[PDB]
Amino acid sequence: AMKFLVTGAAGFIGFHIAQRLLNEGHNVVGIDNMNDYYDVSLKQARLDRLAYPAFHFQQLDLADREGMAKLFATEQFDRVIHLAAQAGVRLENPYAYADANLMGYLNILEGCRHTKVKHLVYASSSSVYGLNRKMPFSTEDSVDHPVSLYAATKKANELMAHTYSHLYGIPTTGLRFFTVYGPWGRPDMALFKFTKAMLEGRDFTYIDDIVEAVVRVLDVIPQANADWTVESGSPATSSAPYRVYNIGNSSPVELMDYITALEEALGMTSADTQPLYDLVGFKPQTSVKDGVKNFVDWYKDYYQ
Amino acid sequence: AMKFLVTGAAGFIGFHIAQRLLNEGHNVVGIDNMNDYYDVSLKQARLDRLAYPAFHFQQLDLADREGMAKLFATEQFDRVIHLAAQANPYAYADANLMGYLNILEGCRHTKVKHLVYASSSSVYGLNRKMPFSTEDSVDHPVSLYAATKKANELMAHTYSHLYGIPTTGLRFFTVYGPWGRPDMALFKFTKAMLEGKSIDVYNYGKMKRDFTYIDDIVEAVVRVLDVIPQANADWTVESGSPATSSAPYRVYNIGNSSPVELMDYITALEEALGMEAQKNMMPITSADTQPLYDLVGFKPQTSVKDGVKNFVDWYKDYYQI
Ligand SMILES: NC(=O)c1ccc[n+]([C@@H]2O[C@H](COP(=O)([O-])OP(=O)(O)OC[C@H]3O[C@@H](n4cnc5c(N)ncnc54)[C@H](O)[C@@H]3O)[C@@H](O)[C@H]2O)c1
Ligand SMILES: NC(=O)c1ccc[n+]([C@@H]2O[C@H](COP(=O)([O-])OP(=O)(O)OC[C@H]3O[C@@H](n4cnc5c(N)ncnc54)[C@H](O)[C@@H]3O)[C@@H](O)[C@H]2O)c1
Ligand SMILES: [Cl-]
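Chains as they are written, first to last, in the entry's author numbering: chain B, 0 to 89, 92 to 202, 215 to 281, 298 to 333; chain A, 0 to 86, 94 to 290, 298 to 334.
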């Protein structure tokens, strides 16, 4: 079987990707540092649901140079899906972003270089669009004006990916994420905060739709293009085997619809995502009603 | 008096910037980790020539978070000229990514009034349209060094935007002159010549390298340090460039438009050293500096003829040739 590394495997998206890859018969190695940015017991709960014979978990920090080098050298991964990062756009704790998103990403790249990983798929962010105002945001647009350190680190990942694709031939695909929600979600994002505070005192994609797109992209390996030039190409293409795509749900939905969906279930800025829907022949088809219902059902089940 | 931090102060460019600032009457703190990428005795020799009462040196690594914080906290700098960098992939990350964040944090928390920092022409990457302009996209780097320099520009943009720290990045091409670095420019050729090593020569020696004499770089940088970028509510991405912003953020090319080709430098060195260089012929570019001309009202004045003579005068004396 193929051997995949899923980083951030105890996290929201990593858990779902690892779970899907395991259900498809692959060998999966998961790593996560189980940091306390949010409830570590939630991460542990996710990690407990990945107990499969073909799943191996290693608590490892991305910034651990020797540890990371050893992991790559020993496992000889076929592909890597890199999701571990310090997320959240919203100034306090800059060193966490440098550690995880800059140094940590270079260690991923070094691992891929030394062991000739066949495809590295990694998480970028819509925040790279920064001060841009021309809508819908497109990967053909310049992304030079980030307004958060988090965004700057994600663009730096794309630049580093380009460098490694060009020098070493490692195929890379960066995915610019918008807002993801669903069961086993993040405590620090809106949908969860609301549900919790509500019980006490935008571009949204349901997690299953994200998983489906990422697993298809993992199988589409970028190839070199000797005819590509900067002057007639894009910041998301290259002569190197390098690609960047927006991932999301191009649907007109303001924040109030989801707020209304919560109250219904509890009883009390645009983006061009067409290049990805084409490449993999899939488009998100989960309705806000079903999505929030799945979240609340999970929320109530898990927390009560 | 004003107090400046010069990082990389025992290095080539940093030494010259610190020396000039001291000669203008300013207070300067120089830092360097004295690494052995090239001869540490040369770095110490530069540091010896910065012995002035208004100069203080601290051996400090850019990646030492607590050490960097202590430096900024105790000194309360008015301005910073950041030149220290690796130019081992982990060295680039340490010095050029984490180290740059320590600089930005220091500037943020102590309200430094202007941060000038070294970028590089390598950010132009796969670009082919000449001349290279700061209006051009710089999304396709071909080296980790280049990617880290573009990352510095991105990080500078975010700090200028969020905290109002004025930042000016300078995309250097090639610099040469007295107290230069042994691995580059005229020093590289001179060393090769005196050791009987062959110099690789591309495109019949007609490659137009962008070489600027150190004194011309120093004059420009010291003028730039005094031009503080301002916020601009009229700027938009759609009508702007990767080197401008609504934030007090600017990036400029710094270099020499002279049409002198590589062979002009080699021939001049041969004459100055009184010998002929061994050459290996390899079987079978320009930059726009108008924005810095409109900004500081100064262009490079040193000819190749004089620059080469200046270099050789330094080299012979320092190495007791
Ligand atoms: N969920 C979203 O809406 C969203 C939006 C934009 C971008 N992203 C990106 O997608 C990826 C996954 O996000 P998520 O929502 O699952 O976040 P998450 O925080 O739930 O998952 C990330 C996991 O990475 C791990 N991690 C962080 N730093 C680490 C380090 N230094 N070493 C090892 N492990 C480390 C964390 O412990 C966590 O479990 C991230 O790169 C994030 O930037 C997500
Ligand atoms: N010389 C050129 O032609 C040229 C061209 C393009 C860019 N630059 C840039 O200009 C800057 C100055 O370069 P230079 O040519 O004077 O090089 P240099 O190597 O002579 O000087 C740099 C100094 O930085 C110090 N340093 C490196 N890493 C450090 C760390 N982690 N902590 C503390 N000190 C550290 C070194 O010890 C060195 O003395 C660099 O940022 C470089 O990328 C120079
Ligand atoms: Cl030189």
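There's no promise every hint is true.
Within a straight-line C-alpha distance of at most 25 Å, the following computed SDA-like cross-link-like pairs (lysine to any residue) qualify [stated by the list, open to error]:
no., chain 1, residue 1, chain 2, residue 2
1, B, 119, B, 180
2, B, 135, A, 151
3, A, 117, B, 278
4, A, 135, B, 242
5, A, 117, B, 242
6, A, 135, B, 119
7, B, 312, B, 58
8, B, 117, A, 151
9, B, 135, A, 117
10, A, 135, B, 23
What the simulated footprint calls covered on chain A by chain B, stretch by stretch (three residues with Cβ under 8 Å from a Cβ of chain B suffice, anywhere in the stretch; the number is not a length) [stated by the list, open to error]:
no., stretch
11, 32-44
12, 150-164
13, 231-244
It should be emphasised that the hints constitute simulated quantities derived from the structure, not laboratory data.
Idealized CB from N, CA, C, for every residue including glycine.
Structure-based check of all given hints:
For the proposed pair residue 119/B and residue 180/B, the alpha carbon gap of about 28 Å is over 25 Å, so the pair is violated. Of the pairs offered as hints, the one joining residue 135/B and residue 151/A is violated, with about 31 Å between alpha carbons and a cut-off of 25 Å exceeded. About 49 Å separates the Cα atoms of residue 117/A and residue 278/B, which puts this hinted pair outside 25 Å; it is violated. Using a Cα cut-off of 25 Å, the hinted pair residue 135/A and residue 242/B holds, with the two alpha carbons roughly 10 Å apart.
Under the criterion of a C-alpha separation no larger than 25 Å, the hint pairing residue 117/A with residue 242/B is inconsistent with the structure, at around 42 Å. Taking the CA atoms of residue 135/A and residue 119/B, the gap is near 32 Å; set against the 25 Å cutoff, the hint is violated. A hinted pair counts as satisfied when its Cα atoms are at most 25 Å apart, and residue 312/B with residue 58/B does not qualify at roughly 34 Å. For the suggested pair residue 117/B and residue 151/A, the alpha carbons sit about 21 Å apart, so the restraint of at most 25 Å is met.
For the hint linking residue 135/B to residue 117/A, the alpha-carbon distance of about 33 Å lies beyond 25 Å, and the restraint is violated. Taking the CA atoms of residue 135/A and residue 23/B, the gap is near 47 Å; set against the 25 Å cutoff, the hint is violated. Coverage of the stretch 32-44 of chain A by chain B is violated [criterion: at least 3 residues with CB-CB distance below 8 Å; count 0]. Here the stretch 150-164 of chain A counts 10 residues with a CB under 8 Å from a CB of chain B, which clears the bar of 3, and the coverage holds.
A stretch counts as covered by a chain when three or more of its residues have a beta carbon under 8 Å from one of that chain; for the stretch 231-244 of chain A and chain B the count is 3, and the coverage holds.
In terms of the numbered hints stated before, the structure departs from hints 1, 2, 3, 5, 6, 7, 9, 10 and 11, listed from lowest to highest.
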